[PDB]
Amino acid sequence: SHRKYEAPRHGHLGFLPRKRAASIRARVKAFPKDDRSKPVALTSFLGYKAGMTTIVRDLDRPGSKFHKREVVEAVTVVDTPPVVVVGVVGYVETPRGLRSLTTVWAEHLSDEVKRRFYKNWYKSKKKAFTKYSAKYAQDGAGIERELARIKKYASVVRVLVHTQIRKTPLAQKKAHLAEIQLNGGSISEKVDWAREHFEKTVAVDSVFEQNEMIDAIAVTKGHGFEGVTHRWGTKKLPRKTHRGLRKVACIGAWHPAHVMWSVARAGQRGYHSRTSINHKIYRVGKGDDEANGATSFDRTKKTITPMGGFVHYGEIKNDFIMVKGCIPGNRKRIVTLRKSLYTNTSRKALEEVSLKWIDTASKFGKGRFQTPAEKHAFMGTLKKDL
Amino acid sequence: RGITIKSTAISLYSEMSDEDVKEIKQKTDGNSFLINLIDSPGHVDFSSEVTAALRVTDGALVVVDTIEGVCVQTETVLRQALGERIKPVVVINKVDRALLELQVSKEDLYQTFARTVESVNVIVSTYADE
Amino acid sequence: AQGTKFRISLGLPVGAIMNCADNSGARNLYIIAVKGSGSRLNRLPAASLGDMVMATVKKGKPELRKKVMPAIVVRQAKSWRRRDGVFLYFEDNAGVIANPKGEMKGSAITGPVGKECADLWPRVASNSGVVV
Amino acid sequence: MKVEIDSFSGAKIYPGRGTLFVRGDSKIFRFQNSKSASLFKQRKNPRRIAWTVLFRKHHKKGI
RNA sequence: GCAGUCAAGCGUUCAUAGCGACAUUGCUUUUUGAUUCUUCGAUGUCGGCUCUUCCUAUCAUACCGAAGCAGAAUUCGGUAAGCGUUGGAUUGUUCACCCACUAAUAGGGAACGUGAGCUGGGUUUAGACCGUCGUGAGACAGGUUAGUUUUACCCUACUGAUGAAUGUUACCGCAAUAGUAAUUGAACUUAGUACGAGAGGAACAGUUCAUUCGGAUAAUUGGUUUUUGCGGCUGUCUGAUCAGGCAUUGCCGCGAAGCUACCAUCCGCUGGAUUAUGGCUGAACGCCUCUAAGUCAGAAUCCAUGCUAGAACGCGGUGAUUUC
RNA sequence: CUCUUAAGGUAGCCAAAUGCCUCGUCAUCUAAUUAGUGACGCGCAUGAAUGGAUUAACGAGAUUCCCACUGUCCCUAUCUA
RNA sequence: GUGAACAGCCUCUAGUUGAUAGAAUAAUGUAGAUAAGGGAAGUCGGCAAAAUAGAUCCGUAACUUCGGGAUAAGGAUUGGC
RNA sequence: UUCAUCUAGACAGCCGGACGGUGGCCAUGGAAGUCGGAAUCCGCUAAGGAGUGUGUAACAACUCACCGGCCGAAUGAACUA
Ligand SMILES: [Mg+2]
Ligand SMILES: [Mg+2]
Ligand SMILES: [Mg+2]
Ligand SMILES: [Mg+2]
Ligand SMILES: [Mg+2]
Ligand SMILES: [Mg+2]
Ligand SMILES: [Mg+2]
Ligand SMILES: [Mg+2]
Ligand SMILES: [Mg+2]
Ligand SMILES: [Mg+2]
Ligand SMILES: [Mg+2]
Ligand SMILES: [Mg+2]
Ligand SMILES: [Mg+2]
Ligand SMILES: [Mg+2]
Ligand SMILES: [Mg+2]
Ligand SMILES: [Mg+2]
Ligand SMILES: [Mg+2]
Ligand SMILES: [Mg+2]
Ligand SMILES: [Mg+2]
Ligand SMILES: [Mg+2]
Ligand SMILES: [Mg+2]
Ligand SMILES: [Mg+2]
Ligand SMILES: [Mg+2]
Ligand SMILES: [Mg+2]
Ligand SMILES: [Mg+2]
Ligand SMILES: [Mg+2]
Ligand SMILES: [Mg+2]
Ligand SMILES: [Mg+2]
Ligand SMILES: [Mg+2]
Ligand SMILES: [Mg+2]
Ligand SMILES: [Mg+2]
Ligand SMILES: [Mg+2]
Ligand SMILES: [Mg+2]
Ligand SMILES: [Mg+2]
Ligand SMILES: [Mg+2]
Ligand SMILES: [Mg+2]
Ligand SMILES: [Mg+2]
Ligand SMILES: [Mg+2]
Ligand SMILES: [Mg+2]
Ligand SMILES: [Mg+2]
Ligand SMILES: [Mg+2]
Ligand SMILES: [Mg+2]
Ligand SMILES: [Mg+2]
Ligand SMILES: [Mg+2]
Ligand SMILES: [Mg+2]
Ligand SMILES: [Mg+2]
Ligand SMILES: [Mg+2]
Ligand SMILES: [Mg+2]
Ligand SMILES: [Mg+2]
Ligand SMILES: [Mg+2]
Ligand SMILES: [Mg+2]
Ligand SMILES: [Mg+2]
Ligand SMILES: [Mg+2]
Ligand SMILES: [Mg+2]
Ligand SMILES: [Mg+2]
Ligand SMILES: [Mg+2]
Ligand SMILES: [Mg+2]
Ligand SMILES: [Mg+2]
Ligand SMILES: [Mg+2]
Ligand SMILES: [Mg+2]
Ligand SMILES: [Mg+2]
Ligand SMILES: [Mg+2]
Ligand SMILES: [Mg+2]
Ligand SMILES: [Mg+2]
Ligand SMILES: [Mg+2]
Ligand SMILES: [Mg+2]
Ligand SMILES: [Mg+2]
Ligand SMILES: [Mg+2]
Ligand SMILES: [Mg+2]
Ligand SMILES: [Mg+2]
Ligand SMILES: [Mg+2]
Ligand SMILES: [Mg+2]
Ligand SMILES: [Mg+2]
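Protein chains in written order, with our numbering: chain A, 4 to 389; chain B, 12 to 141; chain C, 2 to 133; chain D, 119 to 181.
Treat the hints as calculated values from the structure; they're not laboratory data.
Just to be clear, a hint being listed does not mean it is correct.
To be verified - In the BS3-like style, the derived pairs of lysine-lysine whose C-alpha atoms are separated by at most 27 Å in a straight line are: (1) D:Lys159 - C:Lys68; (2) C:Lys116 - A:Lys359; (3) C:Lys6 - D:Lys159; (4) D:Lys178 - C:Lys116; (5) A:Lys36 - A:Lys327.
Claimed, not checked - If the Cβ cut is set under 7 Å, some of the chain C residues that face chain D in the computed set are: (6) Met55; (7) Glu64; (8) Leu65; (9) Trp81; (10) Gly86; (11) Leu89.
Where a beta carbon is used, it is the ideal one built from N, C-alpha and C, also for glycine.
Working from the sequences, and respecting the hints, build out all of it.
Right under this line is the structure:
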């Protein structure tokens, strides 16, 4: 029979299967369209998600009811120590799609990167790339043939960067290595730029700037095996039903005599590659700068990191991106940050933003004090001492 | 609602410069004049408040929206005046409409005014007391 | 509806009774519908402060009972979060009987009124005491 | 961006943090956290609650 | 139940704007009959609940064509099922009816979808009351009240989860194929303007919000508390004190972390080809004609862009590959 | 006055757990009532120990409403064994 | 012991410490809990749950077979010293 | 398939004319070819209905049959399957 009352379907089917991502680094699938009339530059950037905090700022949005009035907004903080180029990869157009033609690497590589190639680093004989490096022997005999090979061919050039994991508070030691597409100009200045950067780091003011709308590509917080009530948003069933409420009642009609792909089932929730778009950059922080949490209106030297330190993360000692709102993934997870794939002119974009103030109260509790200074200035002296 | 419904009266006291009263081509004392005014309604449904005001007055100030021209009710309130033997004078009003809405040009405007006056005198000659 | 109104948490679904804050003669207001609400299977429509509801008077002068009228919610009693970061709430829910144009069948509102509700409704502002 | 002070504890209230309550009398109350708010609604007396600003003043502590 | 054909007539005037008699040709299988082919060593009956998908004879939303289309509003039709189609009072109801919001509250199918999915209000056992019937036992497609809703561990399907083999191992990627997504409204302003005698009274562009849906996220606010974390309280037991036990987590206040809420916050891309329809050039047919050749535009459509998985028998690049 | 059968439904009661028509009609209660209550009564097919009408108290009986209450619901989340 | 009490809760005498174990802490369950604002809108129906609860003092309606209805309703108070 | 027109100039297109008794008779509040009935004659003609439409309150004003100018070879109507 027909339905009885119409209601929208539960859950979006262009986000299927709801399985676990192949890896915890979400694949950055599309890069932006290359404009070759602009300097060789990176298009994405790796990151580590630290935590969130709160800001206030004036609002320039004429005709709103909060024009020139302060607003307060959540923000996520990505710890972005500069990343070090160690490779160049070049892809050719072919009638079956882009083909990687060759890879060429830097002459030496941090052991924190070479860790990426082992599952038992400690007990290895760490011989990875020992004999590749010898092609640099006299003048780079072999390697300069490859670089020419990329220049001759190669509709697209990608650079292999890797995170300086050791510069963060994680227990990891094993860096994250990723391709980043050079949107430079001329497939040649693109690959010169790569050679001119082997083992040379790239900071992130090079890549992004204040107010730049950017996308976040990461792997959703995993949650294990979920019932359909919470996993799909299904209606919890009436208190009286025998055999369970967190269920779908009619797994399907008699015909098609098959449970169909479109019906909510119990299974894995979270741990899904998500590409989430249009998060405005609110501040690009310098580690080689004091007073990261400072602002032209607050002006009381303090770092970004909050009292007690970011919960489950640690302290911010490096460059960081502070982006408006929230992003897929949890604290400590690798986070690719893409430049926007289109030129947004919404004017919600395009809006210059200036932080009045950046909360740095503790997140481990009902944090009352911005700085250990102002605690004391408020509390007084105490018995243990001072 | 922004529509006059009852026609209501007000008496205005106003002066005139010494050279202005010299032109007055009828016997005329002093320099201060007393204007007994009535603000009338346009709607046909209220025409009874026009004849009620035209019985108590001597001249009539007739207003014509410049862009709308002389309209059907302009025509019939005039037949109300000339029946009662009342002298008219005209204000072609609302011109800022012509510069903004119509982007009019000086000749475009003058000739607007001419045919409008031509239109009123047609009404005036047909019904004005021979 | 003289203005645009930013979203605020809903706290008065249908069936809710709120005090009638005006000297109209009504002691309360029983919400049966909320103007501007949309549709979802099984979802009770609900009002926040400033919203125009359709109500009846369960306690009050007979001349106002047995009859559906529009009301405007002026306090809300359910924590809501302004764009300046504050979660606030009143001690009670309350509204005033109005007419669709937004005018007020009352004559003077008693008790505080919320900022959002009074920006929306001038005729309501004209009779409000302490706002926000 | 005036910070405000907790009505019950005199604690400092940074933007976004805590709650604000409009009593019937139009008297505004600010609470920096949930605990301060809970106590006040239990009708507790801050002068008798040991950690509040206005209990150290009534006991001339730390001044 | 729905749709054509002829056109007397309605439409002041005028057959076909919108309608349409007398006739007559059809379609549909959510109606009810007619049959009795399957099932009586048994295919779980009504309705709701839940949830998915499909149909179009389209209620709304996109773009259009017609009008007895001035505006506003409405009607008729076209492409069109992309997307939505609701909250309640009485009833077991399907149906009905009314209140009320709404852009709209369209009709249907899937064993009159869906009972090892629920419920069990109705129907339809045995208990019992009434009314009419009956000599009686009893009967009623009359009323009424009580009345056990069983199994999955197997196969397949669906959801998620591993995995042999390919010389070994590790890293970075490609993209076949499959999936795909956003929705709709209001206020300001345009404007008391176009139009209109008046009464009334728009639209495109711009601004601010909002609804339904989606994916995440936890700074905040809120909820949860075995942090049995700190405090408080009763009873009893440890001779008192200190400090504890027991009271199935003894109870109360607060309670961080975690989990989480339109109860919380953030985010949801833009190129092309088309439909209908409007056109250009232009014959057929010395004219005309959007069409016959050729061609411009153009829709909530489709294809891509983007997003999701990645063929476990599709692929590339790359590293290191066992002294004894 | 009369016919069929002997009599011809009185006192009461009612769309009642008894009314087909029927969601009866009127009043009331609700924004809205096929529900409830009060009325009406040519009552398909009420009615006097096949007992009629009424009744305080009692009732794990059927039914309607109100106050309090609340995860029944909006609309779900969370903790324990 | 508490307490009106052979209630419940803790203890002395006496008896028992027996129910296959270990490690994990997904979904769905069964059993036990809590919940912002709203408060039956959920449902055939308030089913289930919640609210109430002892005792002292106060106050207590229609109706009634005068016996009741009654803990009606409804207020106040409660430790320690 | 049947019937028509055409080098004595058709069909099409364009272009000129489309008159005079006459506002023809009965009506009509008005009706001058053009709401409607009845009449359907004549004159002057290359031809022009007592009117094919549009129009008016009624005339006016355009329009068409009909005639002609132009061009120069074929073309028109009604049926069948
Ligand atoms: Mg439907
Ligand atoms: Mg059950
Ligand atoms: Mg925290
Ligand atoms: Mg105008
Ligand atoms: Mg429902
Ligand atoms: Mg909390
Ligand atoms: Mg049908
Ligand atoms: Mg016609
Ligand atoms: Mg028709
Ligand atoms: Mg059969
Ligand atoms: Mg048979
Ligand atoms: Mg079966
Ligand atoms: Mg169609
Ligand atoms: Mg149209
Ligand atoms: Mg017409
Ligand atoms: Mg669909
Ligand atoms: Mg319902
Ligand atoms: Mg069927
Ligand atoms: Mg069935
Ligand atoms: Mg089944
Ligand atoms: Mg069953
Ligand atoms: Mg039953
Ligand atoms: Mg029975
Ligand atoms: Mg009987
Ligand atoms: Mg008998
Ligand atoms: Mg019967
Ligand atoms: Mg029966
Ligand atoms: Mg499987
Ligand atoms: Mg595809
Ligand atoms: Mg007006
Ligand atoms: Mg617009
Ligand atoms: Mg969610
Ligand atoms: Mg918490
Ligand atoms: Mg103890
Ligand atoms: Mg214990
Ligand atoms: Mg093409
Ligand atoms: Mg996308
Ligand atoms: Mg594979
Ligand atoms: Mg007899
Ligand atoms: Mg009787
Ligand atoms: Mg009866
Ligand atoms: Mg009766
Ligand atoms: Mg019968
Ligand atoms: Mg009811
Ligand atoms: Mg009754
Ligand atoms: Mg009888
Ligand atoms: Mg009898
Ligand atoms: Mg007897
Ligand atoms: Mg008796
Ligand atoms: Mg008695
Ligand atoms: Mg004792
Ligand atoms: Mg005992
Ligand atoms: Mg005892
Ligand atoms: Mg024994
Ligand atoms: Mg459980
Ligand atoms: Mg349970
Ligand atoms: Mg609650
Ligand atoms: Mg509460
Ligand atoms: Mg309540
Ligand atoms: Mg109900
Ligand atoms: Mg029942
Ligand atoms: Mg119960
Ligand atoms: Mg009592
Ligand atoms: Mg005492
Ligand atoms: Mg010939
Ligand atoms: Mg000819
Ligand atoms: Mg010819
Ligand atoms: Mg005539
Ligand atoms: Mg005529
Ligand atoms: Mg004759
Ligand atoms: Mg003639
Ligand atoms: Mg003529
Ligand atoms: Mg001819």
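Against the structure, the hints come out as follows:
1. D:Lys159 - C:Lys68: Violated, because 38 Å separates the two Cα atoms, which is more than 27 Å.
2. C:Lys116 - A:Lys359: With a Cα-Cα distance of about 24 Å, the restraint between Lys116 (chain C) and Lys359 (chain A) holds, given a limit of 27 Å.
3. C:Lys6 - D:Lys159: Cα-Cα ~31 Å, so violated.
4. D:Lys178 - C:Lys116: Cα-Cα ~40 Å, so violated.
5. A:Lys36 - A:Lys327: 24 Å, holds
6. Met55: 26 Å, violated
7. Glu64: 28 Å, violated
8. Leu65: 24 Å, violated
9. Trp81: Violated - the Cβ of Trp81 (chain C) stays beyond 7 Å from chain D, reaching only about 11 Å at its closest.
10. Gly86: 4 Å, holds
11. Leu89: For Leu89 (chain C), the interface hint holds, since the closest Cβ of chain D sits about 4 Å away, which is under 7 Å.
Going down the numbered hints, you'll see the structure goes against 1, 3, 4, 6, 7, 8, 9, while the others check out.
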